[PDB]
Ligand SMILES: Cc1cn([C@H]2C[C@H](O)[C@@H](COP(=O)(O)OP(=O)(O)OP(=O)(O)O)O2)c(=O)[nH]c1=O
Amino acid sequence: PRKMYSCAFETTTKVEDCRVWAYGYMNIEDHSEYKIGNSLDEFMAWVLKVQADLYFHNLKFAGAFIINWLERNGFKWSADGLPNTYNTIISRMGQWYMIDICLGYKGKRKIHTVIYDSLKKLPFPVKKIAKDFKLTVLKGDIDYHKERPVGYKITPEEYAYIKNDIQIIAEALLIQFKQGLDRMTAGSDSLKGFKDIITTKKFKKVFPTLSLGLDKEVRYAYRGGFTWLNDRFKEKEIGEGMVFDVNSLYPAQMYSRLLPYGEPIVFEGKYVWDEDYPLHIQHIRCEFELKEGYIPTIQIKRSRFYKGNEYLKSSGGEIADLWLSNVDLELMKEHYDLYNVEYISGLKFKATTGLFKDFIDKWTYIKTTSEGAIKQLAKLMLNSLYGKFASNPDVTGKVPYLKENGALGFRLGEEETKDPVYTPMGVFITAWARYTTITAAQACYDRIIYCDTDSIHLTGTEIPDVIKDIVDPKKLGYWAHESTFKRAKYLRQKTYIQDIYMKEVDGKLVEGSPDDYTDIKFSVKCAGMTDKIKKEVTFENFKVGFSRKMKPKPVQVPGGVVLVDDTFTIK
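Assuming the form solved without thymidine-5'-triphosphate, can you produce the structure of this chain alone?
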């Protein structure tokens, strides 16, 4: 039985002198067992003797300073566990998942101490986890720009802050660990809770593993949410309008849409209706023109010769080679006119609508009859399951080494292959979800402004008649009227601002309407903006260009990493 601890480092800001000036660790299953020093060598010695599992919230940060030490202390990265060797799992994108420090072997059992990332399990800021889990959290933050030489003495205040940080993460991790949720990520915790309910044996027969070629083609039909801005509104300031959000978009699809399963069946040319294999993916070649008065829906995989992340109005003289789920193809045919079509090949699948019902009823129930921590975790169980299917085959990531500077550095590693869960289920879930949003936006075409996965934004304050019957504040799969604004401005996908109508309900500010409001909440949404950068934004300064050097970014220096106030610009 390996132990588990919540750990955190408080680091220096000096680009020259970067080091741990305070550390802390807390036994997760025993918060009385804890320590808070000020010496990394002190910490690291312990890290080597414990033979347990550690968890730093946002390993990415703390993981740096950890590598720095290992490299300068008889440790070097190694493929497969070796005495005084250390392996790691860092994705090709810079996401840390595990640092496995090996010390040797006792007969067989590897003597090691694995360091994990809590963020991969509780994907939120500590401050947030505190609030949503209702965990005591001290207000304020340790003075970061205070000169701290080596050996500096930690004050009673800074002490409380550090203990508090690791206790918050400990109280959270413990709840999941108290339910089998002992995986590396939330996703895997969901895949776990999901197998418990249907049985691994049933899972194996339902979601068989596919060949590498078969999976490659199925992925050709995979795509994310539907994010799109109507040009008619691009960069213009508009008046009143409203926002609608689907109640649990994915869970909803998983609960009642016809979803694939089983062994696929290849076919040539155009798919032929088959009752036992209702869903399919068609490899098709054609040209197309967006029907007059319809929203674009075709996105050709980024970086080839078609504006990446943009929905095409037409193929523009060039032939398109696409792999589409039948849900995606039915949609394309209603919004576009297709010419010179060629149906090449495809895959049929058996399908049912009862695969996730038990899973979803269970966790929804808990979510409904629970509060604070339990509730959030339940939502986490419910919202992290879909993604696990749309696996990412190639686990090829970075590899560390001491860079010519005394700082941390990386480069590309060998080529490794992980086995696909069941990608066809991923293709249809996201497809079904897009269909949900897109058909609603299209029915509101005359007022549609912006769409983003599970929400549509319309001009006007009155609920559209075509939408009325599927509008409801709580029901799963329904559209909830989330807000109404007095005015707004959209610049680009996920980049806008609104003046929302707020009212008073029992003592707090809540979304209101034109006929009942007392305030106007200014609201900004832009990929990468902060609470600080936001305070400087307003209607007339919000435009393509707006920039400020207020977005700190990881700049690895000798010893670990530092956050330099860099530049942020709306492009």
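Form solved without thymidine-5'-triphosphate done; form solved in complex with thymidine-5'-triphosphate now:
No partners, no molecules, just the chain.
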């Protein structure tokens, strides 16, 4: 049984003096075992001899300072667990999960210290964690401005702040561990929690591990959420409207839709109805023209003919190769006229309902009876379960190295794979969800402004009679009338602003209606736009050309990472 420690660094913010000026560590099950000091060499000496599991909140930041030390002290990168090497799990998107430091072997025992990311377990700011877990949190923060030379001596106040930060994570992590949420990440606990319910025995019988190749071609049919701005409204200031939001859309599909299980059977040509294998994926070649009065539903990515984000009214005189679930193919056929159709091949699946019942009943209840970070964690259990099923077996990551200038560089590592989970599930969950969303959007064609995944934005303020029977503020899978706005402007996908009607309840602002409102909330939704920049946005300046030099970006410099303000522009 290895010891567990909560750790943190305070670092300088100078590009060309970049260094740790303070560290802290605290035993997660013995808060009286802790140490605060001013030296990274002193900390790393402890790291080397402690033979424990370490946690930093946001390992991506602290790990840069740690790997810079390792590379300067005779440690090189190796996955082969040799003496005086470190291993990392850094993903190809650049998520840090682990730094594993190997000092050697005494018998059949590895001598090593392992460092993990507590952000993977608790993806919130430290203060949010303290508020929502109900833990002691000190007011204010360390002065990020003060001049701190080498050997700078930590004040009593800074010492208290550092100790508070490490103790908050310690207490929160311990709360989770004692419930059995002890794995590396929140998603890992979700899949493990699901396997506990249905049994591991039943898991690999119902969700067999597919060959890497079969999983790859299943994945051809795997697509995300429907994100679409009606061109009619693009860049226009508009009046009153409303937003409908599905109550947990993906889990809702998991709960009640017919979904694939088992090994698929390959077929050639056009799928022939098989009651025992009622779901399929079909490889189709065709040209297509959107029918009059229908929303476009076809997006083709990685093509020189089409912009990947654009929903297509026409194939433009080129033959489209498409891999499609039966739910998607049926939707495509309702919205489009098809030309020169070739049914090439496909895969058909056994199917059933209700495999996720107990797991979703558990976590929807925890979500409903919880608040803040604790609610968001229950939400994450539900959503990471879907993601886990569609886990990409390509786990090739990044290998750190020390550049000639003293800064960390990264190279793509040797290709590697892990077993698939069950990707057909992912295919049909998103498929049933697109179906849910698109059919509702299509039923409100005369009023539809905008869709993103689980939501429809409409003109006017009354519920359409055609969706009245599937609207509910709480029921899983139903549409909630979430808000009503006084005015809005949608510039493009994931880029819009709204003036929302609010009313006060018990001193708390709640969504209201055009007759039952006291306050107007300005809301900004803009992919890539960080929170400080959002505060700069007005109805008047929210247009193409809006720019602020306020976006923090982490720059690798000699010694570690500095956050430097970069520009963000609506192009």
